[PDB]
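As a starting point, one isolated chain is supplied in C-alpha cells, in the form deposited without 4-nitrocatechol.
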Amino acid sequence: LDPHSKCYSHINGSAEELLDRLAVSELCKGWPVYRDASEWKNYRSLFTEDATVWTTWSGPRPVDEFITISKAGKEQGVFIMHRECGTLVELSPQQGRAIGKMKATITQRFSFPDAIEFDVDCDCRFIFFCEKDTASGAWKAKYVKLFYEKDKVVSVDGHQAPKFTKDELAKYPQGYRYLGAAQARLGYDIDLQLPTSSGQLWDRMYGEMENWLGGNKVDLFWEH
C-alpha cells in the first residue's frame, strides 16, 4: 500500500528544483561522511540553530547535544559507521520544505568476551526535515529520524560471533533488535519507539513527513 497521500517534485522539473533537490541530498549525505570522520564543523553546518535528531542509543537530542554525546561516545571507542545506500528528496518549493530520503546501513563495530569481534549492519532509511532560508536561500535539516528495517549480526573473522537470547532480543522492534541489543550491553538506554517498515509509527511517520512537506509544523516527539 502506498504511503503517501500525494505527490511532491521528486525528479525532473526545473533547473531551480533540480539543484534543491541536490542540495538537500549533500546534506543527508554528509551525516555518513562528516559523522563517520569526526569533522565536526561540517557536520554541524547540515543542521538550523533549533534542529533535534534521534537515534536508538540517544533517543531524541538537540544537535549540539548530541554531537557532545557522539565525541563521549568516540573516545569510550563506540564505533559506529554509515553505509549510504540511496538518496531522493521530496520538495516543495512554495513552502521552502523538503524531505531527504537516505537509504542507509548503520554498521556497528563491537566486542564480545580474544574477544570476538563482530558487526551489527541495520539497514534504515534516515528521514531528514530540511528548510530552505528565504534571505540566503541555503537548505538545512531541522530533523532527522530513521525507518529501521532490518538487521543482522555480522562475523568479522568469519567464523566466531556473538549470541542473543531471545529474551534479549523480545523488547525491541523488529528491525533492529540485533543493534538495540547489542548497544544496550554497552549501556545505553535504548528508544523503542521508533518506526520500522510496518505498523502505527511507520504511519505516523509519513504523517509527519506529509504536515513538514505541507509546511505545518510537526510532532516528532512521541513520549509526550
The other form holds:
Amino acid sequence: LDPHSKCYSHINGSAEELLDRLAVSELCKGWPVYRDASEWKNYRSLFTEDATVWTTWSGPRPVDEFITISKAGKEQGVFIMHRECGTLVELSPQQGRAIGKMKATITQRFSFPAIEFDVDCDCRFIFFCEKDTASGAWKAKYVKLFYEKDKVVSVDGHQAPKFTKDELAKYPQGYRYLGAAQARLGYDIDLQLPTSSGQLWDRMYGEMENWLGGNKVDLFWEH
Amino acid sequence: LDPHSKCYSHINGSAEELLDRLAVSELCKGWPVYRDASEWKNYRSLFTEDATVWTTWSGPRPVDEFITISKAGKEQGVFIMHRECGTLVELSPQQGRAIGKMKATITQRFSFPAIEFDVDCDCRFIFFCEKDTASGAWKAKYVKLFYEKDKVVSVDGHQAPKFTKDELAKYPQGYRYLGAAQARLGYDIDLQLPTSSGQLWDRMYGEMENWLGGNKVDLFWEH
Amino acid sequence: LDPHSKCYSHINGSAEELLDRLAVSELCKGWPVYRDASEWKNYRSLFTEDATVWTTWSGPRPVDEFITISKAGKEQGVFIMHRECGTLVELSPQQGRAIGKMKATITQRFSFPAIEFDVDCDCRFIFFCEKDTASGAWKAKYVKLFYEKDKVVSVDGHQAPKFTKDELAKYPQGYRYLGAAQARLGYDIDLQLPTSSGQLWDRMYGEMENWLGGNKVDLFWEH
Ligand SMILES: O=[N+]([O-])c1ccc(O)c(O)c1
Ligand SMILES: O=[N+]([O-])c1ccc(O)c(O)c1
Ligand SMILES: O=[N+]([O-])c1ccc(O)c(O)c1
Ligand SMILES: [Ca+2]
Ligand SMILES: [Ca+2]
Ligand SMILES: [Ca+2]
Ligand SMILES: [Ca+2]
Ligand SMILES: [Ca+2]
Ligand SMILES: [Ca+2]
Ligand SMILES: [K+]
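Can I have the other form now, the form deposited with 4-nitrocatechol bound, not the form deposited without 4-nitrocatechol?
Full complex below, order starting with the chain above.
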C-alpha cells in the first residue's frame, strides 16, 4: 500500500527546485562520506545547531554528543562503514522543508573469538531538512532510519559467528543481526526504530508528512 | 570493444544540459527508492502514459500492469530490493531524448525449506527517457536491463540453498541464480534479456543509439 | 581525528558552485559506468591529456596506457566491476580545482581450480579535477584510492578459496584479499597505496589539500 498521503516536488520542476533537491541530496551523502572518513568539520556542517540523530547503538543523541561518542567508539576499534544505495528528495518549496530519502547499507566489521565478520543492514536514512530563509542554505535537523533487512557476512568465505534464536529475538525484524552484534560490544540497543512494516512504519511516514507540511514533528518515541 | 558508435552529451556542457541530465538521473533512482517503499504514486510519476518495462520475472509489461502484479507479489511475500550503484545519462538535446544508465544490484530475499538467502544480481538499468516539449518534463518510456553477474548470499553466514547444474543451465549467464530462484516461486522467466556479451548486448546498444537519434525503437524481442 | 586542515565548498553555495560540484561528481561516476561497460570513448573523455591513474594491479599508469592494459586484461577474462557507494566534492572556486570523493566497492570475479568467487573491496576513489579556463569543462588529472576493507565472497554460497596467512601478509590491511587474488593472475601488486590509517593516509590528505590550494602535487610515492 502507498504510504504517502500526497505528492511533493520530487522530479523535474523548475531549475530552482532541481537545485534545492540536489543540495539536499548532497547533505544526505555527507553522512556516509564524512563519518566514514572522520571528517568531523564536514560532518557537523550538515546539521542545524539543534539537530538530533537516532541510531541502533546510540538511541537519540544531539548531534554534538553523537560526534563525541562516535569518536570514542572509533578509538575503541568500532568499524562502521556505509554504502549509499540511492538518494532522492521530497521538497515542499513553500514551507522551506525537505525530506531526503537515502537508501544505504550499514556495513559494520566485527571480531569474534579470531573470526572476522560483517553485518550488512539494508536501510533507508530519512533526513529532515530545512532551508535558512536568510542564506538559503539547507541543513538537517533530524536523521532517523527505516531498517529493512540484514545478514551476517563471512570475511574469509568460510567462518562466521553463531547467534542463538533467543539472542536475536528481542530485536525487530530488519536489524536483528546488527542489534545482536552491537550488543555484544556493550551497547544498549534502541528497539523502537521503524522497519519495513507496522506501527512505527506508519508513524515515520506520518512524521515525514508533518515535516513537509511545516509542523513540528515528534520523533521522540519513548516519551 | 567500445559498444558506442558515437558520443552524446554526458559530462560538462551548459547548465541546461547539466540540469537535464540531473533530472533524468533522478527518474532512474525513482525505481529503487519508490518501488522498494511501495510509494506507488511516486513510482508511476516516473513514466510516460504508454510506458513498458521488462524484468526477469514478468517479461515485458505496460507499467500499470507491472504495478498491479508487483503489488500482488508483495502481498504474497515477494521481497525484492535494489541497491543503486552509479547513474549517468546520455543526452541528445536536439531530439529531446536521453538514456539513463543506472548500475544496480537487484537483491531478492528468498526462503528454502527454513534457510533464508539472498540472490544479488549486478545489473545496469537502461531508462529510455523523453522530454515533453510543452512542459519540459522528462519521463521514462521504456526500462530494460543488462544482467552482468549474480551470486547466492547466505543470510546467517552458514546455510545456503543448492541449485543443480541443470536447474541453472537454461538461464543466460548473468542471471542464472536469480532466474532459478524466481522460477521456484512459480514465475515464468524471460530468457531473452541482455547480458555482458553477445547478440542481445549489441542489440541493446543498437536500440539505445536509435532512441538517442530520435527513432522508434524495437525492444520487443520475441516478435 | 579530522584529517582535513580546513573546509572547502562542499554543500549549498551558489548555483554556479552547485553545478560545478555536480559536474565533478559525474566525472567520478564515469569510472564505474564507462569502464565496466568498455565504453572507452566515454571513459577517456573524463581525463586531462596528461592524466595518471593508480590501481592495485597496475600501479601508476598514464591513462592511455591504462586503457590499453585494461582492454588486454578484459580480453584475457579479467572481470572487474564497481559499485559506486556515495560521491561528494570539495571545490576550490578560485583555484579552478576540485577533489571528487567517491566511495565504492571494487568487486572482482575470479576462478580457482572450478570455484567461482568475488573479492569485494570497500574503497574511496579520489579524483583530482581541474577546470579548463577557456571552456569551463572539468577533467580529472589524477585518480588514486584509499582502500578500507575487503572480503572473499562465495558465489554459490558454499565454496570459497583459501589463502594462507603468508600469502596475505605482504599486502596492506584493506586490500589483502584483493591483492592476493590479483597476484594469482600474474599481476605485480602496488603495495604503497593508502588505507584507513597511517603514513600514506596522512600523505594522501596532504596532497588533496595541496591540489585544492592550487599547487602541483606529488602522488608518485616510489621516487
Ligand atoms: O552512522 N552510523 O554509525 C549508524 C547509523 C545508524 C545506525 O542504526 C547504526 O547502527 C549506525
Ligand atoms: O524491480 N524489480 O523487481 C526487478 C527489475 C528487474 C528484474 O530483472 C527483476 O528480477 C526485478
Ligand atoms: O578500475 N579498476 O579496475 C580498479 C581500480 C583500482 C584498483 O585498485 C583496482 O584493483 C581496480
Ligand atoms: Ca536553492
Ligand atoms: Ca513523543
Ligand atoms: Ca530542463
Ligand atoms: Ca520486435
Ligand atoms: Ca560550471
Ligand atoms: Ca614523489
Ligand atoms: K550510489
